[PDB]
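Read the single chain below, which is given as structure tokens and is the form deposited in one PDB entry.
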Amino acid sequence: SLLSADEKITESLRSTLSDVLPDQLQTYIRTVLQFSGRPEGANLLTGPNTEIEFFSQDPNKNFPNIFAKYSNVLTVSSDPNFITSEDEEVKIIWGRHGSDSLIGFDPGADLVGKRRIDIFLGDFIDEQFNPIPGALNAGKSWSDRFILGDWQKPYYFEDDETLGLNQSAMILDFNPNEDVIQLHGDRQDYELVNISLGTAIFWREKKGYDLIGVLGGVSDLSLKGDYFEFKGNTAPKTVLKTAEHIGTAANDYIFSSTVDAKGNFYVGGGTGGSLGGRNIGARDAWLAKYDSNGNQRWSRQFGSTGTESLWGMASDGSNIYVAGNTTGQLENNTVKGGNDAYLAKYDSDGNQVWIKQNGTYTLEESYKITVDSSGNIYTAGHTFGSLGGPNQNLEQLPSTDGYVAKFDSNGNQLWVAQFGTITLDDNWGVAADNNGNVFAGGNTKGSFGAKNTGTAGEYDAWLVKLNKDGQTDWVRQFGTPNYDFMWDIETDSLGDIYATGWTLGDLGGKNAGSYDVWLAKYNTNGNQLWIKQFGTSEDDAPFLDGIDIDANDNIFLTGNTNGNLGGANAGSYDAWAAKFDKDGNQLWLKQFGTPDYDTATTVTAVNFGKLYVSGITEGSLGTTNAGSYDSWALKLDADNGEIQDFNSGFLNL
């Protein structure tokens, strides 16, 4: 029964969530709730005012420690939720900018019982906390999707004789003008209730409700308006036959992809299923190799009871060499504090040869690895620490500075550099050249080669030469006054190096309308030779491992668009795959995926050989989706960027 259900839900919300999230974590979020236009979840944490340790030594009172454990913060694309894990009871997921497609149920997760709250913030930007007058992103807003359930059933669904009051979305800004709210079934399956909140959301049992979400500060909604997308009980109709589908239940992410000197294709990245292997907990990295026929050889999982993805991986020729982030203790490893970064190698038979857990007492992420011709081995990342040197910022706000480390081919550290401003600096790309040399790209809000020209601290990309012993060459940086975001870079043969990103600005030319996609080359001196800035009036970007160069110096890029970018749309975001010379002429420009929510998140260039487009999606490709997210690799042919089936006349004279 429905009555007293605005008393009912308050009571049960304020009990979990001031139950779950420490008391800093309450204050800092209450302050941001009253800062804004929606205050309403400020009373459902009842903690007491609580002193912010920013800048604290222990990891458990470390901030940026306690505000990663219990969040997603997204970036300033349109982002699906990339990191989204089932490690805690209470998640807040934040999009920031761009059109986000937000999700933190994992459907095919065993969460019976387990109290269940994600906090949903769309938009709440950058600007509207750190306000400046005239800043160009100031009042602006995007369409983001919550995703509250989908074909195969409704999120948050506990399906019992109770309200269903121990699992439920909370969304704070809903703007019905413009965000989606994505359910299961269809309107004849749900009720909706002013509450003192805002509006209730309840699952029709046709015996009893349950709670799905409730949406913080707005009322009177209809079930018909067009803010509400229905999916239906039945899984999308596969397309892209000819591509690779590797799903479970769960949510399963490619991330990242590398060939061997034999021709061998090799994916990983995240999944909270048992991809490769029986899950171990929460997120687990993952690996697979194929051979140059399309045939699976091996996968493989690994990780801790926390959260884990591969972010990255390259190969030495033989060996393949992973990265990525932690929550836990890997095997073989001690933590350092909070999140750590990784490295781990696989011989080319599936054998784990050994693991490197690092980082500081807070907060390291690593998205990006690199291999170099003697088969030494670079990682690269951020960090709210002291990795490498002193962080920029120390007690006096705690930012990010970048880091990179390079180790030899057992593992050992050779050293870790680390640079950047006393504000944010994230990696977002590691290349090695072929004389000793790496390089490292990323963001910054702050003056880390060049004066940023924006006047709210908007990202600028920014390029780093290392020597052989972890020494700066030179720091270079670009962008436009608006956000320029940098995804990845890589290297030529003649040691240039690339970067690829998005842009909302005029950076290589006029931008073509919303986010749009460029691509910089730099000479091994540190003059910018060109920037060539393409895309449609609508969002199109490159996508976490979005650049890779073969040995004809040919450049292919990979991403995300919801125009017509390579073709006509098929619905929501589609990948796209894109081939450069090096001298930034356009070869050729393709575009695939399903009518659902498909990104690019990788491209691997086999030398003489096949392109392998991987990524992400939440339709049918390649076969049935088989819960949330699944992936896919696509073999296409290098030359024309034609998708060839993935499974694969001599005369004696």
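Between two forms, the rigid core is defined as the largest C-alpha subset superposing within 1.5 Å. Residue numbers count along the first chain shown, from 1. What changes on going to the form deposited in another entry:
- With the core held fixed between these two forms, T623 has its Cα displaced by under 2 Å.
- Superposition on the rigid core between these two forms places the CA atom of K590 less than 2 Å from its counterpart.
- Comparing the forms between these two forms on their rigid core, the Cα displacement of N511 stays under 2 Å.
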Given for the second form:
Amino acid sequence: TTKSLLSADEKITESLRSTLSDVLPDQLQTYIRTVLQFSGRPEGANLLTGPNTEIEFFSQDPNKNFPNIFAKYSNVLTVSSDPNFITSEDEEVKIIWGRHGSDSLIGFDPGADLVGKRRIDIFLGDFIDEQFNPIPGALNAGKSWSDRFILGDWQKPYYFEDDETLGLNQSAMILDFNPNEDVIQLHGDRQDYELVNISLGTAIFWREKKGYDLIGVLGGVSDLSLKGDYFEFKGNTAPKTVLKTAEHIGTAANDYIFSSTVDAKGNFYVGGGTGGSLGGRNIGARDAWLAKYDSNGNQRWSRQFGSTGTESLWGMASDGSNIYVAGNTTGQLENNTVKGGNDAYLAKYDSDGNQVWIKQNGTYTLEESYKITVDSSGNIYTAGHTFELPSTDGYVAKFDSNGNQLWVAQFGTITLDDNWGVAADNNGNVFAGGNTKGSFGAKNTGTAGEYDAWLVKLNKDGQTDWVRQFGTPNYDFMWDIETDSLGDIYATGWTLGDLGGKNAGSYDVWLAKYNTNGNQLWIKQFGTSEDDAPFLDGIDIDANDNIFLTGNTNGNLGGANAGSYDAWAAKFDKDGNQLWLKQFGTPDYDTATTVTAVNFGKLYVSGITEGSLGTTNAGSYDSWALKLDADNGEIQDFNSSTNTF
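Write the structure block of the form deposited in another entry for the protein whose form deposited in one PDB entry appears above.
Shown next is a single chain and nothing more.
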């Protein structure tokens, strides 16, 4: 069996070498080989057989530049504790990079058709910016977080070919697993696995009577045990259902709500991304989707659209009757226009679920867009960022109801500026907000380029009225903004510092208010000793100027934690007094992603879960929508109405 262990090392080495060298671009192979060579890790370097190729950043062809090449083969997540909210089965090899925070990393979609496909997901739990940045004395120097690498769920092991081979065509490769801190999540129980010592570290094999299948390789770690607390086993039964009052949305694939809205008749909409056939037949990898509910909880229609590439619905807004939707695509959604491979889109749906038009910005420059708003006059605003040194800059774009572009405003600093907010006032003006490593509206007090929050006010012509910036010396991260009926601008985010008050521990939530003239009115901060943050579409403001916030916590923020991260929602008045704070979820990972206030004192909070929220989990990530009473945060049945029982 010594001979069998030697044969496994050869077959794994030759299989990974073949796939990584065929798929990864030569610029990426060259960088990775240099890091491994410099660290004297030849076993890793010798997996990459492409020629040494110069790394380029200043080509006139964006497609020849390292960031654009890297973008195709990566999911680069945020400074937050992130679920992989950008996962999609669109490449054979993908780098999944958590960066700071306690990330819940998945790359595989167990509901996708991957029979016979090569799949390697390369996981970096941390590999925080400070590890690459040579400047000394950063606040977050040496910091690491507990990352969870998801290699199976209650339904099935991931990367499983279930055949007569060692199952080398599909595998995870985890590069920075720390058994003192991180977790590897597996299907089944410890009797279903064998650990094998290989040249690269540890091989995790699925083992049954019929044979062996490689599930993952743990780079640079040896002599682990399946009895370790760093392995979490999910068994083979769906989790018990909680919150049967929720609307449940799920397929066997990874399904996400990322946004919601309401129209002038009280119809409630949700939308996001899916790796499955949720609102229609899957077109390939992740698709965008949206669904309409009447004011009584009844689904009217669902729609799914996209490409063989990756797209999501990240924002939606209504003019009262139509539903405008925005997000990102790696495909070509508008047949009149070229595809850049990483492009913003805007589409218009009518109340009957017809796609009236779609507009795509087909340029080769990397573009992301997570935010949309509609004004009184029915004009549409989107916001996002575009990536002569390499860097993101913010933009706002204004359109008419026929999808004609009225103007585009681009702005920012010499360094990273990301957009996480757009909101119109009732007065022809539009606000944007986001994160910057630089000094955009103030000198950034961060000594190693830690993020601050920024806000811009633009007028009806896209000219800048003002820029503001606020922050601590540590990372502060904005997720979302909204206007009230007076035209004041509110932003929400997390901080690792003392922004509105003394940090309670780890990530805390903040809520900032500026007046229309750029004066900061107040910043509130709240949290537990644990990780608390709003997320994605995390603020809304009703007709009465009540502020609603939503996101996730792994503490006891609104009540006892059910397990992992839970969702939370809060109500504030326009002077920043907290009126209520509710927490809800499953024993498994949950987060809210969006909040929509409606009328008759009801509110919808929607999000994602790895558990059974509303009904039995259909596979991996599922989504949910909860109807709350706006007076006290009490959960109502989604289908509750005054005319039914």
